[PDB]
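Presented below, as structure tokens, is a lone chain in the form deposited without its partner chain.
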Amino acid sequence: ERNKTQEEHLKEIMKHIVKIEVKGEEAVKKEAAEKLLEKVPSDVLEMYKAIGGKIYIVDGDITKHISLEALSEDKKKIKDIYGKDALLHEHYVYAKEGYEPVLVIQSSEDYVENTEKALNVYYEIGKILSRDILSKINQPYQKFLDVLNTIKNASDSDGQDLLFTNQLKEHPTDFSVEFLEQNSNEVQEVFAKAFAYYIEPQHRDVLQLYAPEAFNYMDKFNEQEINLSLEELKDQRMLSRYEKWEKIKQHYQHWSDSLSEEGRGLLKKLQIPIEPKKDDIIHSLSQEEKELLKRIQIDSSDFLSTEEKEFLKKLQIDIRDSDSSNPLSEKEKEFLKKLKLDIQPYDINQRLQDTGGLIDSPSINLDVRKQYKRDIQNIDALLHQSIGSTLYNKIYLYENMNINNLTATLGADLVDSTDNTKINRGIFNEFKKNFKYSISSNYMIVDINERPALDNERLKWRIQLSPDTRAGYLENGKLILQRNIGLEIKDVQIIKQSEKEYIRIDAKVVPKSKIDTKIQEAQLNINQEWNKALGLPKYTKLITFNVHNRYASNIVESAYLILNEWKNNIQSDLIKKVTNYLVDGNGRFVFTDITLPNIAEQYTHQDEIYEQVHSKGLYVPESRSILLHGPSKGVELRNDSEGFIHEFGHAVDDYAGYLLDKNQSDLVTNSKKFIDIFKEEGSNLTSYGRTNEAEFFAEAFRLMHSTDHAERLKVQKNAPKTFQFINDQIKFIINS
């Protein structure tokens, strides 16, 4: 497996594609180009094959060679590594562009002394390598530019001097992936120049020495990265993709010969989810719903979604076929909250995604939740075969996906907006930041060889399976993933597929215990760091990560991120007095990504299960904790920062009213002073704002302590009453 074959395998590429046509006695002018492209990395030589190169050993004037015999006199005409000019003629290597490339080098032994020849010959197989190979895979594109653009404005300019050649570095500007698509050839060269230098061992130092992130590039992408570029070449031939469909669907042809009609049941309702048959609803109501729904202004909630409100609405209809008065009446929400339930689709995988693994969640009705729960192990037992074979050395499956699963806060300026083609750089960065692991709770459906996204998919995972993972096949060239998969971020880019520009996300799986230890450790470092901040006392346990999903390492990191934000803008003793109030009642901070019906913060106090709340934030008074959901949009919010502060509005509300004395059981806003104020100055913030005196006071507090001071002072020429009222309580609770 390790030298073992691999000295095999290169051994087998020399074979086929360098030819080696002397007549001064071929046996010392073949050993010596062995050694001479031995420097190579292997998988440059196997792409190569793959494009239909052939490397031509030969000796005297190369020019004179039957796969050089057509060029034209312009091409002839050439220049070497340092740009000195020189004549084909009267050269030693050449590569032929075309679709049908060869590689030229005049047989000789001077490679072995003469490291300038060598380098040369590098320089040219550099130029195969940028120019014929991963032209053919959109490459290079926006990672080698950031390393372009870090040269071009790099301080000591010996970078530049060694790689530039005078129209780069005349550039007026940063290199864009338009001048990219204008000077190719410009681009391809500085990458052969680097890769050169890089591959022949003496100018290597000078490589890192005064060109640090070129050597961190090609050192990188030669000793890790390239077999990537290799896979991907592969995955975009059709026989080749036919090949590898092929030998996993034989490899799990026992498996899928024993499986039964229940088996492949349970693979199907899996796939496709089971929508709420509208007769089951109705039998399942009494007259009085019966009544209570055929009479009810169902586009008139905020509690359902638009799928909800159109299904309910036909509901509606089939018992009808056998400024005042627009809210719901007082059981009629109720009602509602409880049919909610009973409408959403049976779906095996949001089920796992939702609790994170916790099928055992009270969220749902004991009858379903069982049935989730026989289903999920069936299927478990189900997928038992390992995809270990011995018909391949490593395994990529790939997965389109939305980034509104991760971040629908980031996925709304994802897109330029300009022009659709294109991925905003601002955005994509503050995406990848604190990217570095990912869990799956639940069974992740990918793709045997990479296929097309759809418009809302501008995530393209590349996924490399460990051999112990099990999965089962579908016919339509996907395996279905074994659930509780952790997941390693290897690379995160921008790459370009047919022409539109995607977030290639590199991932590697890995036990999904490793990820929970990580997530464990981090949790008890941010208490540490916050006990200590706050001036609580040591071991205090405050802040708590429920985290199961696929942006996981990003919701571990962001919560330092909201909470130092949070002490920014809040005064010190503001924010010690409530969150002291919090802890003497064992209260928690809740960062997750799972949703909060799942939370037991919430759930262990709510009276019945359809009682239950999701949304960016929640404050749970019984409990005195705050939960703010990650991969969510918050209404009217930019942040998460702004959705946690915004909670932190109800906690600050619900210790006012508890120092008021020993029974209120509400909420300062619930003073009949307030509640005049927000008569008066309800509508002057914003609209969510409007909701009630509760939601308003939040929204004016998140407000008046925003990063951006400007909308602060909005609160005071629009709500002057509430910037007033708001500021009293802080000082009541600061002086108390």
Given for the second form:
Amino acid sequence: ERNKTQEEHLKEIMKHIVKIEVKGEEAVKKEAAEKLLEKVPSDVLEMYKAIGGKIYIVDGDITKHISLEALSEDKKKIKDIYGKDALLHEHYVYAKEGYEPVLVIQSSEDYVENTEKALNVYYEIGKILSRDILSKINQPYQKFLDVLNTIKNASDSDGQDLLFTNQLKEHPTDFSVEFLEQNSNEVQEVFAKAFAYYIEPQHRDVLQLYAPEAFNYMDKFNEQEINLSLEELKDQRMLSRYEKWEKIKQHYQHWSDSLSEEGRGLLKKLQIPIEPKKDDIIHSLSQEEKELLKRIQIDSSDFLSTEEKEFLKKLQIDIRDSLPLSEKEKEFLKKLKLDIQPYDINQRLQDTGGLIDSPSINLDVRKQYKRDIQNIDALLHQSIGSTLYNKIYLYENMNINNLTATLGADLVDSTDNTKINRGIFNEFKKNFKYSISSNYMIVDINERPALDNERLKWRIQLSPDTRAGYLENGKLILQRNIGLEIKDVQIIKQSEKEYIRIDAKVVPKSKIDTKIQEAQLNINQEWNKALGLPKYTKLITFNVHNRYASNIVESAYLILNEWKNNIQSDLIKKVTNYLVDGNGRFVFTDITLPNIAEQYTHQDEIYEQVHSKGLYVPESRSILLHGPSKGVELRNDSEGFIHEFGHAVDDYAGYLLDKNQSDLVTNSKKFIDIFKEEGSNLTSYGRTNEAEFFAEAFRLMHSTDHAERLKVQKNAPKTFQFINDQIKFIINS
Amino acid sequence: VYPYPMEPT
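Any chance you could show the form solved in complex with its partner chain after that form deposited without its partner chain?
And the full complex, kicking off with our chain again.
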């Protein structure tokens, strides 16, 4: 009842591109042409249509046709699917290239009994697919280069002995995107050829026999992926782009016409954050605060990013129209930091992962943000589902840093900033299975060019249920708390520049949350048994809310295996138990640290919050690890985590000392001296203070890279010996 | 609270 729509869809498109012009009562020859083109993936025909192509089923010497009247002696001599040279006016198929593509097929009685012709026809169709269609959306590409390479560098040469020419066979190294750059026709042939073998039922088995990797590709591509190709092709068409924009503009017409003034004011301040105003900041500053603002070398501290540094710095300039540093001021600045933040709603949601009630900001602003959010939530009430259309893809241009600053640091090739580093790419695609949107996604109806720092191009498949708001500029504002499943990640070329296309499908946030919850439950069964804790204890927690969601979860495991394989099993158990006894937690999250209870719950003042890659909270006996960022030159998260476990070791040892109080062993005079001496030998960060030095040192000593283990030994021996004492002390005592 | 700060975005 739904397959028939497909046959229905066929006849439709046929009506156009398929034009018969024969002698032998067309009713038959035509019937044959339908049975032949019926084997070809429906969407390839609509794509051919989209680019103005046409299929002509004529009689006799094919070159004896209007469309082929102009063919140049060179393009009059072809080569069949097998490489055998032929003469056009003697063959039965030909696909004319150009800004007015032509497919001419010689009307023959049988194409069934003749598995050879059919193969060739499909080969010229495949040639159309790769050369005339895919080429308009920059493909085949890297994904295909992969199938090609797998074929050659595979021990079984029979793969090559079927799809590659000798030109490809000889080529030494793998085929790089560069190769393809100046060999498009080469790849297109192979593509076309494999498409051919696949399409023609008889030669399909052969493909799957000697070139499985190829079969697979062409299989997946024709059974699904292709439809996305058609989608991208359409996105290139001006009229298609606008026909789409209109239907949607229409589906939300009432919603818009009825939208109030305030309504628009909200949608507006949600797209462009309000920066803090001097006349207010200055005005707010208490008498002493305002005064104290003059003895400050703002550039002194660190918790103030350059933007903030400069901003603050210009506050003096207005006050001057008149007549390191202490911690009382350090306090003053930790206070102003909060006040000089832009009022950025979506930002607020991302940072809190949706917990808009977090006491990580001053009550009044917390409230101001809640009011507006509860409102936008009310405004974005009408769902996208409509009778004006079915599947609807929306696009979003994203910055890799938003998901993982660490990989984002080496995403673009440093020699050619137009290419994407296959290395970081692979690592980035690795465990990216699901994503979550805690703030309002602002997507485009039709895909648009990106910004420089944006090398991520999302193609999202909305659910009819998904609510959204329409913007005049052709952008939709989706409702918060969306669930997204990653369906495909690949490298693509667009505008002589490489991008990572992410193909995602919207699903119920709960479905994703359940996965997170099931995982957190699983990870404890495992590490409770390893560490030997009570079967049902809650040690590790996944506080995952943002877009690189699944990853946070999959890296927690790996982080721990590292933690394990580098530190003494008995040190792990002794300290870990200490933590559990105090309800401690290993928190892996993607929301900024000042929004994790484990830290804010035990805060004195709010301005005393810390956001970083890692953090240890004695009061909660928990270790927090923020995944989306990049630790100050930490190779990876494993290290940062261990560094924190150092602060934990410091916290237990000190306790074992004088059990009557929670003091750090890193505070003992004996250590305050080792630090005063060797405390400048290891990482600069270690130079901060004893606790950080102890941890920095503790970390290097347990690095997966011994080169680093040696550094401590021959640079901070007095320390390397200290830490090792503390290790035995804890292990035994 | 003993951290290990990230790198300014």
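Between two forms, the rigid core is the largest collection of C-alphas that superpose within 1.5 Å. Residue numbers count along the first chain shown, from 1.
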item: Displaced position between these two forms, chosen from 418, 498, 663, 260 (C-alpha, 2 Å or more, rigid core); value: 663
item: Core-superposed C-alpha of residue 434 shifting 2 Å or more between these two forms; value: no
item: C-alpha of residue 712 moved at least 2 Å between these two forms on rigid core; value: no
item: Cα displacement of residue 138 between these two forms reaching 2 Å, rigid core superposed; value: no
